[PDB]
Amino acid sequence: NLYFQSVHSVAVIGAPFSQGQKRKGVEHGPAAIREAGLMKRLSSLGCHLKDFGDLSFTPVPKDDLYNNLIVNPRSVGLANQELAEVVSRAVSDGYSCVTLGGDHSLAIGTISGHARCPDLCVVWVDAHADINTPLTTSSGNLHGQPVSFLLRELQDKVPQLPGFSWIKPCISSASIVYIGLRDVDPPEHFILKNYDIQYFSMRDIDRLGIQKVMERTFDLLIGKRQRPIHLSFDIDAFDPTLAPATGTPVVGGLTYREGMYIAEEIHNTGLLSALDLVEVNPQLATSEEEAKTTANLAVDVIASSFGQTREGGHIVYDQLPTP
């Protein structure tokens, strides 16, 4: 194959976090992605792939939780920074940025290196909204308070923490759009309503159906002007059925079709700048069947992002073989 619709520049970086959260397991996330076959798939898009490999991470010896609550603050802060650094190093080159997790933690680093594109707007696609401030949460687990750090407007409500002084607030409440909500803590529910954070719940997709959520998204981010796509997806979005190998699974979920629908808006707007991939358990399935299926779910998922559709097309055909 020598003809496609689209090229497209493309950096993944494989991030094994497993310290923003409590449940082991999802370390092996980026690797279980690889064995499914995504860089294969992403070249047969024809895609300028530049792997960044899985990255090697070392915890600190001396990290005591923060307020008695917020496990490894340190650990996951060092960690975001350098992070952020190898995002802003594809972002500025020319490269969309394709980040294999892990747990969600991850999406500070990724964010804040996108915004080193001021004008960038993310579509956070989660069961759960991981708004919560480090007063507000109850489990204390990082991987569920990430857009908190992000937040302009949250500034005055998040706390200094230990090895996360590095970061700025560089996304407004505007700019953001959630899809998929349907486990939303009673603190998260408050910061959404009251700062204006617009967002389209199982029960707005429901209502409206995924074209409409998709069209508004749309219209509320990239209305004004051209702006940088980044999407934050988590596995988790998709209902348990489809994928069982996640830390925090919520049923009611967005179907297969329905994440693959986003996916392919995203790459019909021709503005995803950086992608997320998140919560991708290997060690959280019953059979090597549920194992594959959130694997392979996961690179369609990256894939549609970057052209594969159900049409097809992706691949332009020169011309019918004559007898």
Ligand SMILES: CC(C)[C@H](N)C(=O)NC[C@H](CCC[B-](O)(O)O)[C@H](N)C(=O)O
Second form
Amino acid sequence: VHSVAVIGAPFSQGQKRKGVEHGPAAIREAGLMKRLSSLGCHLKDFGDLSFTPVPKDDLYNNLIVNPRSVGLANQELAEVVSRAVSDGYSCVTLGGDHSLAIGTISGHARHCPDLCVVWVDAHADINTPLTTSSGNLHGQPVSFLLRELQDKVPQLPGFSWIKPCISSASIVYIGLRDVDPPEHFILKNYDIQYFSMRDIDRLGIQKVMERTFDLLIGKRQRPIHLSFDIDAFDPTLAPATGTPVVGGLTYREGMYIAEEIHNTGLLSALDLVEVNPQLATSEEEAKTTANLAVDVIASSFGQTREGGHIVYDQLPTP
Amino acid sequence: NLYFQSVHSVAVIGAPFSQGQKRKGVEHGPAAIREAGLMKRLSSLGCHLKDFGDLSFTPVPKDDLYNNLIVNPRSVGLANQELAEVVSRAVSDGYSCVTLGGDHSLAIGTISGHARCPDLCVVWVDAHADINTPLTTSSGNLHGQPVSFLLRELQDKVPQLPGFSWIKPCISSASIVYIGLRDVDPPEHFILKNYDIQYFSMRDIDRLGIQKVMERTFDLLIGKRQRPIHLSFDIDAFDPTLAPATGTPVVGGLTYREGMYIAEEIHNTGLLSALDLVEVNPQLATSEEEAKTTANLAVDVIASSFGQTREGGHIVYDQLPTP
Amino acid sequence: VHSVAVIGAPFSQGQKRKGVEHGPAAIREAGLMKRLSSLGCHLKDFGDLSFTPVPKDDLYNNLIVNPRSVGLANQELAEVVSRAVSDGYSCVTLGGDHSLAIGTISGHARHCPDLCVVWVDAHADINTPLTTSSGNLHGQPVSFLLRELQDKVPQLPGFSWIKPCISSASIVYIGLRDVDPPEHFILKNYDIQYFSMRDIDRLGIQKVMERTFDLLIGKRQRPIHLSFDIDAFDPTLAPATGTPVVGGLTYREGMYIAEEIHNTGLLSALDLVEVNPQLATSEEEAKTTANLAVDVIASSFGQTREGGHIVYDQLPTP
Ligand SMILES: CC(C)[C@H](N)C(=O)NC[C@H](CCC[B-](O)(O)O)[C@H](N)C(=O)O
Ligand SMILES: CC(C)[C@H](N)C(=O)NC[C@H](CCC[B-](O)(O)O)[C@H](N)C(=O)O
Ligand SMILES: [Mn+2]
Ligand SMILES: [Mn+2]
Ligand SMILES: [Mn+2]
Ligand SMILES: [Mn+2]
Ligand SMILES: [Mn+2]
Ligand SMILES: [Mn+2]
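Please give the corresponding structure for the form solved in complex with the ligand, as opposed to the form solved without the ligand shown earlier.
Whole complex next, starting from this chain.
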């Protein structure tokens, strides 16, 4: 039995493509609560947060898009996550764009000083506000959280409340295939361990999971924050997303990551972001992405491919 | 072509069962595999073919449901009694018996008939374990229960169903290996674990890789001694993207390459003695190409089990023509 | 920095399915030049070559279709390829059917007698004009180039210029899944090493690339000719091709082949053949194939999935 909290974060200001705000609804309609209930999860539904809108939040330094709104929505989310984690719940957040991990990791770190992060994504999301080319904050969340990058990060409007809470040795990336040159330098320079699609092609998903846990929890037990962007999966499996990159995780690899995260017993928070149902060419393609999102969450809380979750005690006798 | 690396004597039996489940159209499965060019493909591999044709199945008039759950028990048990005779005949005559399905309840018949080869072993390729007892099942569909009737160790948990008195448990727990499991019922999981039935789920394939899965499968089954092999292949073991024309599809299945690899490894043992190719249902496909792709894939599995390979080399070439 | 010459060879006469001539255009329209420019490549586009047409071209031995048209266009291509290799450039030939490899490998071997070939295809393309059943020359290019096969190859009209240059030990195949009985006989009896889809299933693409280079460049460094048939990829990824065969390379395996070729620093010439935009059922299937062809060429010239192709060594400070 797991105590699990669920938070809806209908936020899109971390990027330019509209519809990602409908992400939490699409995941709920796909039957998330029912699936978590069937696994025996003691649930708490915090509903879908209404983020305080910012009227004056124009382009900053001809680069950064909506900084005030992103910083604000994330401060609000950080409080709700803090509450869920302090109440003793494993915190599930439904996105919304990936800028929301600023809020979810900040909130979770308020209670876990030794938290580690498993970041499952096609992208590194580690551009600083000076290295970014798009200026979209969904490509920058990790720069505000990493301690080693504080001196390389300018203070943005609405971002005063963030305190870096994770060290470079405490985050492992899985699924990378679209990394900006400044992001590649950051990962290499600061010894941030990653397993790109190329690493998985060579090692395979089993050794990748073994080496991830070896790096993070090999010396001691630690709470795990799984930050999962749906674009980590191939766009054939997850088409309803803003930044799709071909050559992604298969359905089996993705279930494997979630299953292995469940088996540690250390899962403490999970973000499931970037599901944009409006970006799918048909209704069933939007529905496939949403159902895939539920499978990741369910497998992260016990759903297995061997049917061993619901325990059978005795076979009836004739 | 006149030369081949091997010459196989293959018996083909069409078993269009449907009473082992409730989805209509699986009875058109043997016809779909035939239409996709099965006989021609086996001949192109230098097989000596004995086509036993498509078997006729007549349902029992007063076939009442056992414990108000188990649908068509007598019709399923009797059809399997008849199927078991044809399979025993084909194997006794020296043929590798290929049975086209039809739903997976037909394996009660093919395995029972085959065993009449007592030291046989079963390789069960499926998304499902089909090991529910008549008491543990929730659907009542007998295609989800065939292994329960065949296992010696399960006999005490299996009630004597009407039309099933003829069946004698022929295979022990240690003589059946599953491959592709991804939709296991909680009572099935209990049986597999408590009876020590070895399986390789989609998760084990994810970890080990299909090569290690086949090596370990043969170590467990034919490692101690050379034994005839019964390959019972449910098409739902493949991903619905590759095999959509099926009754119970489950996402995250075998890739085309994995399925061909299993079949080629089965051929390389030189021990295939009977093969079931079940659960092709052309009606359940949204399009003709989807139904044809499933039927074509079924032909590829059967052909690879009798020598067809990715590299070629099944057909022996003499010399190159000189100018 | 890589000097790269792009030769559009709009061939079609090596087979019967019309539309493959519009392949170089489809690859260019998929942003090939923009992509290679962003890799820091010094580019020369020869555009689409206009091959001299042969109006009177009768079938040889009532089987071999269009032999003079194929033999001449390949002689014209070998001159251009020899000039590009001469001018310092790494030669990229856009197809067009695979018979154009007769020209590209011919031209290239004039300046690189020690070249080795990595043939990436669903097929072995090694039928002699006496073993072929189709009569399509795109299924025979390797017979004419292979030294050890000279006594089994008859002199075709407009094929006298061809000097067999590659030895059996200097060609390795990758991706083989549809091999004719005479083609299998040639491979085994002449000791031509290959990695079928089955060898890939067992070894994995990493070990395949390792063994490929051990056979070819294990004794010394040599120039590499990468002849890449788009049909080596599963038809789900590469549908707009003439001869599709199920159970091919995934996108990831294909990128890995290309990345490993790049990592040698020995790529001297590359063929990207058999993209036929006409054979796609929809506009997205034609663009998917063309985008895939651009990804292969780009990865063979440095494009990575980790992002370390561009030099970056200083982070901006606020
Ligand atoms: C340059 C683009 C056309 C390119 N193909 C891309 O995917 N760009 C988005 C990246 C961020 C993706 C945020 B995520 O989805 O992971 O949450 C980028 N590195 C950034 O900084 O804008
Ligand atoms: C006969 C077909 C159904 C069959 N499955 C096939 O693909 N046939 C083409 C082969 C040639 C492939 C040239 B390539 O695209 O690689 O460049 C063949 N071996 C030949 O010689 O015609
Ligand atoms: Mn992201
Ligand atoms: Mn992403
Ligand atoms: Mn079955
Ligand atoms: Mn099944
Ligand atoms: Mn080919
Ligand atoms: Mn080819």
